[PDB]
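The lines below spell out each chain.
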Amino acid sequence: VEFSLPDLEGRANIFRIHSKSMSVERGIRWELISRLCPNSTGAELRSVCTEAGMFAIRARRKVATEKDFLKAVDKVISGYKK
Amino acid sequence: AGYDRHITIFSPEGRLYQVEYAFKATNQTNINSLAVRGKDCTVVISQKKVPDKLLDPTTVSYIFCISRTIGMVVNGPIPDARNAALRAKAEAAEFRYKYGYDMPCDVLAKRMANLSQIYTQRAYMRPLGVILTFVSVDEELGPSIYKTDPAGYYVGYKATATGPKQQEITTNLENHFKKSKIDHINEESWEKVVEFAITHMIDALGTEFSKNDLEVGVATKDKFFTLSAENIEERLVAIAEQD
Amino acid sequence: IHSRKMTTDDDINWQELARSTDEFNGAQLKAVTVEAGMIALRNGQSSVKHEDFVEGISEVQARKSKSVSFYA
Amino acid sequence: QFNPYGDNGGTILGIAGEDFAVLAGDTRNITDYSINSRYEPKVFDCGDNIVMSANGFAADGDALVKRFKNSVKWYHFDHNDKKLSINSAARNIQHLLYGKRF
Amino acid sequence: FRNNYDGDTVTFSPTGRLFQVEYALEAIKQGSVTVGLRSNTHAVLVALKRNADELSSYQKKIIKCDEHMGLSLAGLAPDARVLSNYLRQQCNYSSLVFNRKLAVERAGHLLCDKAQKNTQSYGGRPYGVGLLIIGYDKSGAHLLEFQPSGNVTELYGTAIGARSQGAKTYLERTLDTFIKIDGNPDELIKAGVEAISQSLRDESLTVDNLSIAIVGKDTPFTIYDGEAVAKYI
Amino acid sequence: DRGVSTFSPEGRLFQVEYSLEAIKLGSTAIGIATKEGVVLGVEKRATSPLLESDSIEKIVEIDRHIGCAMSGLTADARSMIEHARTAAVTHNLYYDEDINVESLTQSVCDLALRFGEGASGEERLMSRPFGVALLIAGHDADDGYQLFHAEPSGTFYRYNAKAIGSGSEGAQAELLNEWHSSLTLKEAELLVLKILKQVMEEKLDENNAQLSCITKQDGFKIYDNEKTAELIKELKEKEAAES
Amino acid sequence: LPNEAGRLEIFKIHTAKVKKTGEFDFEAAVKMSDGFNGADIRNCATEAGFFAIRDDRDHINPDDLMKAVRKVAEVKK
Amino acid sequence: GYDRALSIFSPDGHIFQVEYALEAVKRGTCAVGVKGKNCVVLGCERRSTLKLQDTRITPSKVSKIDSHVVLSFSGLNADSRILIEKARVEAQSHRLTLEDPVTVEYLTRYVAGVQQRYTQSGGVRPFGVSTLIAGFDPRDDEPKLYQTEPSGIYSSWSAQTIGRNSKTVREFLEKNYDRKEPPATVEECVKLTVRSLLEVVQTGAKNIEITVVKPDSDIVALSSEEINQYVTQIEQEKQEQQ
Amino acid sequence: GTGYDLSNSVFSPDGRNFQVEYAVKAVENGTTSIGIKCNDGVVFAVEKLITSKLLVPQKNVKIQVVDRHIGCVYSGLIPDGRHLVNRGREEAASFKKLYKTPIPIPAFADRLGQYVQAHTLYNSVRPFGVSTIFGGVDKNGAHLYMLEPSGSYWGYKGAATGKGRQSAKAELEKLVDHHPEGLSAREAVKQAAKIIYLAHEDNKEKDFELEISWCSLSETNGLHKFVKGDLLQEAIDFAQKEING
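Chains as they are written, first to last, in the authors' numbering: chain H, 375 to 456; chain A, 10 to 252; chain M, 363 to 434; chain 6, -9 to -1, 1 to 93; chain F, 2 to 234; chain E, 9 to 251; chain L, 351 to 427; chain D, 3 to 244; chain G, 4 to 248.
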């Protein structure tokens, strides 16, 4: 059974799924978030939603924004490299 | 670099693993040799065996005639022996054109040693395993024996042996030469020279060997010849004619 | 031997399937029978046709599986 | 000493017309007063509506032609059987001719 | 270990040949199914062309080397081209030097030698591509199988690519019949299409995947390409 | 380092696989070939006041009938262009006419094979393969308007439309729905802008996008900043009136 | 490693307790080895015997013995 | 043969050797170029800590590539000579052959090209240097500023900064320049350049070397005396904005 | 031990490099081929494996000619054997031009020997994994030689190599003893065919097709020619008569 590398359509679904439970303020398209991943594993995806929430809590927020999700992709992938 | 025995470079200890292993297990190929000097000949006896009845033992060669006058006795395997033979033969011939003169044992020995050394430093070649004993009866020195060994080391002998009955051969000749006060025996005919050789051989290796189990190469002034099978039995029977 | 134990539609040709599998071992021919049944399980069939087995081979048996036809 | 270069005669005539063109040539091949051939095609079809004749000295004709025949073949392979244009073929010859002049 | 003998192409291993070489034989099966068949007067090549997409256009699985010769590839593309150029070069020179077309046999043996040289060279590699090379020379009709380690076999019929064993069962039965039809192109051609669709078992056949090439006693290298293969199914 | 002749159990070389990894990290290049032209569009990206954003573009002209847009490493695409210009120039001199886009891709792909230690088949002078993939678009008088995707692996396929880059998975999917066989040059360019807007996390300006076109009365023609912006101006209003 | 002499003695000794048709030429058998000590020689004996269980007999030919020593040599050193 | 590998792929689609080349530049000294719309200013560090250097034969950071073109760098001097030499030859090659003064774009392509080669080609490694190339095209009064990396990539930039604390100097510069209103007068564009480069050199007003390039071969290096004066002034400005 | 399994550019303590051992092994992993010296000639025969009816007779004969009077047959892997021979050929053409005489069988042994030995001094060239049995008639008598993959070679009276090496030496050693060396060249085809039959008994998973060739100075006149027709056909019968099954 694979748990290696999923598709663009696939990355989108796993993002959509962790952020339901969260409050959010509008302007999110999952597709856009997915786009910034050149290659991921399931571990990385879980890290994008949870990290995106943290930028909001520092500013003191309950909601998540399109900006936050982008910011979390950039951090996670780059650390994974090397 | 790499490592010290995956490519040829110095060991931790300043040794070379490849030359020492080249000394050892290239004489254990069911080969034992001796060379002794005549008065006006040079004699070599060397073992040479054929394990099939289906292997023509004529082609089986480990005394080679390098030129019409020069012989080279190889201790070690036929893949190696022909790399050294090709070099020897070429060197012999080249020498003959260029310098106008027949090739001495010593010059050939020295040239081959230096070449092996270069191949020892190379990281994409090996030193050959073979031990090469070059024989003739030079008109510039008399009967001669010069031996090279695999490390790029070489040195002249008056009588030599190889294979682990080295001690036995040496001691019998040493005691003999200390008594007679000479390192060459005196006798004209080649026949009596081969009988002297056999005497020391039989005692020392503790056995006698068949015609096809021996190969005897004789150096004479301006000829080197190998003795036919009947000719090698004639000699073994001739000492036993005495008995 | 495999096809006694379990239902089949009694049309399945071992020789033909055998040409279709390359470098299969005995245990792996037994795992194809299981996968042929997993097709069958999804399909709502209680037996296996030839097709059902062909599809079984395509899926993993985990040591060798004949399905190669990709390259553009 | 040596110069193989001479002459072998023959005559060719090319006429461009309204939709058509001819390459007419005699079939006599000589070296001096001796007859080398009394039929030997002196117009030859290289393919692609291109017919060709190298009149003069034979020895150069044969060479010029062989270099060019392999170019017709290589043009096809390397460009998926796209047929050779009269103008393009003319440029290709120019380069051949110019390639030996030593 | 695997990793111990894999790194350069100059090592043998206890198996009798290098691991990498087996991986080159494996690649052929990945690439396209091509069947080869002959009678004794003509020889027929049938090949399935694959592309990647709807809006992709096919990659050619027949490369014509001469007006009496061509070959099919199966496996790695980039090597199949480097080989087809070499064969072009070999062909032409034969014609320039010897006035000679280049026999299938003659070509196979030159190609083999080139293959040994690139499997003793350490930076070099097996090609990773097998080829079915067809011709009609003055040796008769021919099919040869080339493998990228230098294995060259002359055959009546064979297949490389997807379920080779698949096609081989078909051919071996219908063999005795079709090969004694000597002087009728169409039958041998019709047997080729009948075969190739039964090797398939996770693909289907269609007109513009299929492409047929025949060479023979009265057929100079001719491809039926796209539409015109319908009339051989 | 890493083998240059060492394949996977499938038989796909490490170096090829690694080639595929650099490609996926560039900015999208999208081509649609139509019946009146080929459109090639790129996302140039980056907007800064410390950046000259309209002095850099990713659509470079090879010839008066051939362009290429790239995606992947840009430094690598310079060696590919130097080889490609030389080959096209030498063919225009010999036969006076246009070189075929498929023909060009094969000539380039031949020199993509060198990397590593040499062969005895080939002299391998480089160290890695090229880490850029290209969409080469052109015109020829014998197949009209065409679009080609060259992979650095060796494979080159003709397409009617293809996208490459990071955002290609989405992009291609859109291309198919929008694609039909009565599509024209003017529609295709508008549509390119739609695709580009959708996938951006920004506003589409001509300092993050560049258009280009092919018409056969002018060859390969760059759709200039001034025209591309006028097209962007028209987009924003019309889209923002469907909402 | 044995002698030629050592191999002969041990072949003769092993086939003495054994039941056989025909006088055996141990001398060939020795050639067909190259340095087999007593344990290796025993495997050759039983090997011959296997074709004799099949040939439905408690005796063995010269013919069996030549084949037998060679098959054991090939399957190892 | 030493045409075999010495630069290999990453699994991430980078190259190991290019990632390591950029690190040497960062540890290094800082060079900057800021544009007016009349000049292009280049600042280069000379932070002599020790006083036992004799500084008329201590290497400079400013090279002529051509009489209207300069190259500045941050990185290993040893590698930079090798690049600097090939770039002078290329300016003279054009001059000889085209009968024409050199255009900035082609030179940049050339500088990019040797570095690009050495990543691609085997038994060589890329240089340890990033550069800034600037100058003016012939019969042209608008400034030109290019950046090249030892990856071999290249770009134009309105202003760019390299070496140690590149972040800090970009970030600052961004607040003090607009493309719509860049500076007209030499004095104020130089004031800004000296002020950015003060903030990273620490103490420096003889350790900062300014060279201001106006159109077509008016290239003039401002001196210590002049620089000390702008630093005084900056110490007056910082208590007018308090 | 180690380094000697990947290289040949350094020397084993065993006196025998592990890579060299692997080369011999692939020889025994081929087919049987043999060679018979006789009182005027040499006769060569090989077992050609039949797997399928998709293979064609006498185009996948493993007998390949060099010069005019040397026939060369092998056991091991096909590509190694053909490349080795193609090199023999080239040296043979060179020989003929230069010395205006055909290439000897002893000369050819040396030519092959030096190409193999060269690849066993270098780790940068990989050697051959075939044993090639060859021979002919020349100006200086009849010769049978066998080349082994170390770069060891000698002249033999009889030779075998391959899967069926043992069974072949047995059947040969009886026939050679009985005769002075192998009697006539005619007789030798019949004898050969018996040897192949015994050698088949180690295969038995494939059928075989018998292929013989000869080089004879009394019934071919010094040329290498195939043995086919009547002579091959009497030989199949002789084998099947005495050898039963």
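Just so you know, not all the hints are guaranteed correct.
[As the list claims (entries may be wrong)] Some chain G residues well away from chain L (every beta-carbon gap over 10 angstroms; in silico):
(1) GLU31
(2) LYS51
(3) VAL59
(4) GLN61
(5) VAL68
(6) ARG90
(7) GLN169
(8) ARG189
(9) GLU212
(10) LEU220
[To be verified] Some chain F residues judged to face chain E by a derived CB distance under 7 angstroms, without partners named:
(11) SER57
(12) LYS65
(13) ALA78
(14) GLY125
(15) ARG126
No lab work stands behind these hints, which were simulated from the structure alone.
We treat Cβ as the ideally placed atom computed from N, Cα and C, and that holds for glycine.
Quick rundown of the hints versus the structure:
1. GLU31: About 8 angstroms separates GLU31 (chain G) from the closest Cβ of chain L, which leaves it inside 10 angstroms; violated.
2. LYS51: At roughly 22 angstroms from the nearest Cβ of chain L, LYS51 (chain G) sits farther out than 10 angstroms, so the non-interface label holds.
3. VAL59: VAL59 (chain G) clear of chain L: closest Cβ-Cβ about 33 angstroms, beyond 10 angstroms.
4. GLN61: holds, 31 angstroms
5. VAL68: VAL68 (chain G) is indeed farther than 10 angstroms from all Cβ atoms of chain L, at 32 angstroms.
6. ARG90: At about 31 angstroms from chain L, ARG90 (chain G) clears the 10 angstroms cut-off, so the statement holds.
7. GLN169: Non-interface label fails for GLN169 (chain G): nearest chain L Cβ at 4 angstroms, not farther than 10 angstroms.
8. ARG189: The claim stands: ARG189 (chain G) keeps its Cβ more than 10 angstroms from every Cβ of chain L (closest is about 27 angstroms).
9. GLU212: holds, 25 angstroms
10. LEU220: Its Cβ never comes within 10 angstroms of chain L, the nearest being 32 angstroms, so this holds.
11. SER57: holds, 5 angstroms
12. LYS65: Since the shortest Cβ distance to chain E is 15 angstroms, the answer is violated.
13. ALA78: holds, 5 angstroms
14. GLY125: holds, 4 angstroms
15. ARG126: Holds: closest Cβ of chain E sits about 4 angstroms from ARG126 (chain F), inside 7 angstroms.
When the structure is compared with the earlier hints, violations turn up for hints 1, 7, 12 and for no others.
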